[PDB]
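Participant: Each chain is listed here by its residues.
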Amino acid sequence: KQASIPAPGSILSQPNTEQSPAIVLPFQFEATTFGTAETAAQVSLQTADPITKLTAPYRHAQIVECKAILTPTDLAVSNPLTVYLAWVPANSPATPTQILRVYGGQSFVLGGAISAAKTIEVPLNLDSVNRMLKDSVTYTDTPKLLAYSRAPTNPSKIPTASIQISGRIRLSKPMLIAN
Amino acid sequence: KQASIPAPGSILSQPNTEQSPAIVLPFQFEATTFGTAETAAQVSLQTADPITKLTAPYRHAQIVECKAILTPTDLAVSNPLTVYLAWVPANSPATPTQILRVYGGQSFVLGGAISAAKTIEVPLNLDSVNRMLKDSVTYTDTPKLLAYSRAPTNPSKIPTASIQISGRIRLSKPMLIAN
Amino acid sequence: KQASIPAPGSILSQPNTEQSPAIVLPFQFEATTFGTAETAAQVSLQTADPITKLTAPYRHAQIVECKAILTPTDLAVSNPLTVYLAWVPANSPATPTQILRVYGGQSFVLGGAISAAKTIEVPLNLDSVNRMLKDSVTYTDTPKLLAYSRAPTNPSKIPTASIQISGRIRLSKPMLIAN
Amino acid sequence: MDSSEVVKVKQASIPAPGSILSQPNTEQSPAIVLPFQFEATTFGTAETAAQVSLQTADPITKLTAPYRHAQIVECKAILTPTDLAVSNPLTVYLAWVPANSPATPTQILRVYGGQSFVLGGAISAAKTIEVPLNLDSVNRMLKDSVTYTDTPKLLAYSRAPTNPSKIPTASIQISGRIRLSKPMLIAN
Amino acid sequence: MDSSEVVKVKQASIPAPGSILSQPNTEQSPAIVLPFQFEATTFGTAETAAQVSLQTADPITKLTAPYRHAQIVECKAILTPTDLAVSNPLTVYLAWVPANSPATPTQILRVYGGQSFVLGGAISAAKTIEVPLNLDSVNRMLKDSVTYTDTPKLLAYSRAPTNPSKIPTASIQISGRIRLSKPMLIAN
Amino acid sequence: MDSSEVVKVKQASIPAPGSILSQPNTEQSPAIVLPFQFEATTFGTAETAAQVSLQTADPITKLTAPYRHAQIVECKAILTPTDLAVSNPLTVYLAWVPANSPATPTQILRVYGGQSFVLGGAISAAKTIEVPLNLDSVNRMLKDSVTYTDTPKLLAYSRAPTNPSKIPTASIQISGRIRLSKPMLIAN
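Line by line, the protein sequences give chains A, A', A'', B, C and C'. A prime marks a further copy of an entry chain.
According to the authors' numbering, the first sequence is numbered sequentially starting from 10.
According to the authors' numbering, the second sequence is numbered sequentially starting from 10.
According to the authors' numbering, the third sequence is numbered sequentially starting from 10.
According to the authors' numbering, the fourth sequence is numbered sequentially starting from 1.
According to the authors' numbering, the fifth sequence is numbered sequentially starting from 1.
According to the authors' numbering, the sixth sequence is numbered sequentially starting from 1.
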């Protein structure tokens, strides 16, 4: 009844290396936006500063859930824009232009065209990439989103979208950073 | 068969302190609106006058359900506006500007952009805050919604939205107020 | 414990001919588009270059899932267009004009008329065609989509839609192509 | 026969762990072990007689930021001398006390477990010294739904250096591990 | 963290204790184990005829008053060599004698127990000594209906240094706990 | 022949190890436990931002090449005070961190493990310290089909001496053994 009720209680996880119980740390950010410029950036769900800014204190991490929504700002109503999306590992020559031609090809508009409430909400199939966001090894099959818009005559400066990739991820095995 | 069919029948609840069976008292109000001004207020699901105007007669209370919908008034059709939303405890430096960058980041438009029927409906995860709306102690991890809009050239006075936080909450343990 | 844990492990499929375990190879492409021309093409889910460009290395293949979505480009907002869709085998005199009159008849608009997020998403009932995309025999009851739009005064060159038929398909029995 | 270059020292204390606000119902969620170590304060530079609180120590908190619940597990108050300590001795007056102890750094001495450490000179072989944060004379928790006192506060002190130096003659680099659990949301 | 570590030195074993008053029947009041530590003496600033008797030890007595049954749990005297003693050694004398023993700080060496100590200068003389008052010799009791004679008296000595340093070359303190009971009927 | 003898000091226990690649079936190649020891760093001639990672440790790597499966058996870092340090003491910092931990030699003290050491000057500071890399933290593996991230990185530091002595006032080396296997298909 002293210090054993119940003494232990270790129910750690194991994505690729059995380590202490990883805590599901969620995140939200826009690796790339599209509004007043030829949108065409290829960001990965691994090199992203935000993710790397939370997985550094540890050694290994495995994304348990990831998404990508498009939030059309107050603009786009008078200056619409077609945002292209698609999920694919770091590998594969899947270029922004090759979008739509690759499984998971998405394409919507902004303004009077259904784009506001309920958001776009584009989940990422873990069966299409790798969960190991960071490990002792170097995985090349890591998640990676694609985006394109071209942006016609919309020199309104302020972006018309946001394109944020959220989700949660577990991380274990300390890395003893600065502190 | 007199006064015992079935004599007792006490099935009280227990959020943090076993007390008499709390009654689920629902509520609906707009802690803050956004239409013709730089919307940027940080209201909490604890200090709100309405809630405190119903939890006063008691001592402890635990929110069993909370939400936040945006109802675009007759306006916003000619003067749209982007309403930002996000749920987070009283703690965390999550500022209105930090919105979207925090888990649960929302952002929709008004007018021709999907915003009318079905409402926005943004529930609050109890696993992100604290149920104890009010207790003998002082909880800092209490729910708190965020809002932003900036509001461009929309000096139509009348608000374009409402942003109301509804939901239900149980309260027990009398507080013997004025009467 | 050497090379038998568990030695075999053959769990192949069988659509019409028992062969090695077929791998579900997904695909995405627009057999035909509609924007600035009298849209009226009858493409089949068998003769399509893309499909035939992935089923060639094999002998037999059976579509396990197929779809057809319409992604309205940045245009169509000022120059809307009605896209007609319908699924039907290679047989049947189901012509583009006969659309809507045939089971599975679809018809939507573009622009201010619900057409952007969530996409159209028009699945194909395997109980209406044949799974055998390619086999030792010649099937005539193979899937086939229909499209029509007419296209009024929309000489904007760039298409207003895309009409892409995605889905997955299993293929077995090598065909020993060039390499 | 052998050799050890580190001296440990317990801070006498009387049991006094404060009241901890409980777990929800049906226990808790996953948790992580998070070691940390930080330069608490230095001496030799000037009369560096200050104090530190774990409940607010930047390096600690940094690791605490993402969680809204985290009880300390182990904590070491360590004193590490530099070559300078040899040429010019520095005395540190350590003491671990809860947020409620009115104790000023100077008072160190008259506070039960306060200690005095010479360090350097020549008499001294001069080595590392650890003084254990007696977690039971404090509220183990640092960031929790309910904020409070009794939280871990380190004392330590030193008078004006006979002969100063822009390099610490010595420095207390406290450490430990925290049981971080339950998310803070924020992120960014 | 454990090399020159212990340094707790014991004093001559007076086989004898000290009888006190009796305790009556009925139930007994509650008890509080309140700890204490107070600066007792300096050293090295002048010739110090150190002789403290906890019996009238302001700091501890600042705990006694509110109750009328003070009983020393145990305690010890700390010899804290100052940064000064390192370079400026000194011979500290020390003793635990009952408040009746006609022993002046000076006669320490002469009384069965005389603790001889030298701080700084010589190797490891940097280290601090903890000398225990193993109750038996005095009255485990400290305050009640009667005042006793066998209260403990910590006495120590050192003559004036060549340089009665601006501040102490050393330090001595008295630390222990007290079982406080029989609350004082009082005003509020 | 055994007085100041041991002097092997341990570093902060990262409870964690480091996952590596898997091994296939069939029989495995032979193994050779080839030992190694190579001068890693100097000290005392200037400000030394010492940080070696065995992963690219020339000397050990001079053993790797002929085989394609290098696995560190274990190893340690030696702190060898030079005749110079005796009279010219110095504060050596030291740490064993995985090749990913963003820790610069300087931040050693800040990273959970920071080894503080002083050579010469003070008593017995003459002696040599052996600090072990208790595998668990990094990859017990060192070379194969893939290059890993959790390779060990020995890092240490000391600022420039008043006299950046002609030669080192100290010395550091890395010693251990390696299980070499999977001979490299090669030319002769």
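Check before you lean on any hint, since a few could be wrong.
[As the list claims (entries may be wrong)] With a straight-line cut-off of 30 angstroms between C-alpha atoms, the simulated BS3-like cross-links for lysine-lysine are:
#, chain 1, residue 1, chain 2, residue 2
1, C', 10, B, 8
2, C, 127, C, 10
3, C, 166, B, 76
4, C', 76, C, 8
5, C', 182, A'', 10
6, C, 8, C, 166
7, A, 76, A', 62
8, A'', 10, A', 76
9, C', 127, C', 182
10, C', 76, C', 182
11, B, 10, B, 76
12, B, 166, C, 166
13, B, 10, C', 182
14, A, 62, B, 62
15, B, 8, C, 8
16, B, 76, A, 62
17, C, 8, C', 8
18, A, 166, A, 76
No lab work stands behind these hints, which were simulated from the structure alone.
Participant: Does residue 76 of chain A sit within 30 angstroms of residue 166 of chain A, going by the straight-line distance between their CA atoms?
Facilitator: Holds, because 27 angstroms separates the two Cα atoms, which is no more than 30 angstroms.
Participant: Just to be careful, I want the Cα atoms of residue 8 of chain C and residue 8 of chain C' compared with a cutoff of 30 angstroms; is the pair within it?
Facilitator: Given that 30 angstroms is the threshold and the Cα spacing comes to 27 angstroms, the pair holds.
Participant: Can the restraint linking residue 10 of chain B and residue 182 of chain C' be considered satisfied, given a maximum Cα separation of 30 angstroms?
Facilitator: Violated. Residue 10 of chain B to residue 182 of chain C' sits at ~52 angstroms, over the 30 angstroms cutoff.
Participant: Holds or violated: are the alpha carbons of residue 62 of chain A and residue 62 of chain B at most 30 angstroms from each other?
Facilitator: holds, 12 angstroms
Participant: Check the hint pairing residue 182 of chain C' with residue 10 of chain A'' against an upper bound of 30 angstroms on the C-alpha distance.
Facilitator: holds, 23 angstroms
Participant: For residue 8 of chain C and residue 166 of chain C, compute the direct alpha-carbon distance and say whether it is at most 30 angstroms.
Facilitator: holds, 28 angstroms
Participant: Hint check: residue 76 of chain A vs residue 62 of chain A', CA-CA at most 30 angstroms. Holds or violated?
Facilitator: violated, 39 angstroms
Participant: Tell me if the straight-line CA distance from residue 127 of chain C' to residue 182 of chain C' falls inside 30 angstroms.
Facilitator: Roughly 40 angstroms between the alpha carbons, so the hint for residue 127 of chain C' and residue 182 of chain C' is violated.
Participant: Does the structure keep residue 166 of chain C and residue 76 of chain B at a Cα separation of 30 angstroms or less?
Facilitator: violated, 34 angstroms
Participant: Can the restraint linking residue 76 of chain C' and residue 182 of chain C' be considered satisfied, given a maximum Cα separation of 30 angstroms?
Facilitator: holds, 25 angstroms
Participant: Mind checking the alpha carbons of residue 76 of chain C' and residue 8 of chain C for me, to see if they're no more than 30 angstroms apart?
Facilitator: Answer violated: residue 76 of chain C' to residue 8 of chain C is near 36 angstroms, above 30 angstroms.
Participant: Can you confirm whether the C-alpha distance between residue 10 of chain A'' and residue 76 of chain A' stays at or below 30 angstroms?
Facilitator: violated, 57 angstroms
The structure shown violates the earlier hints numbered 3, 4, 7, 8, 9 and 13.
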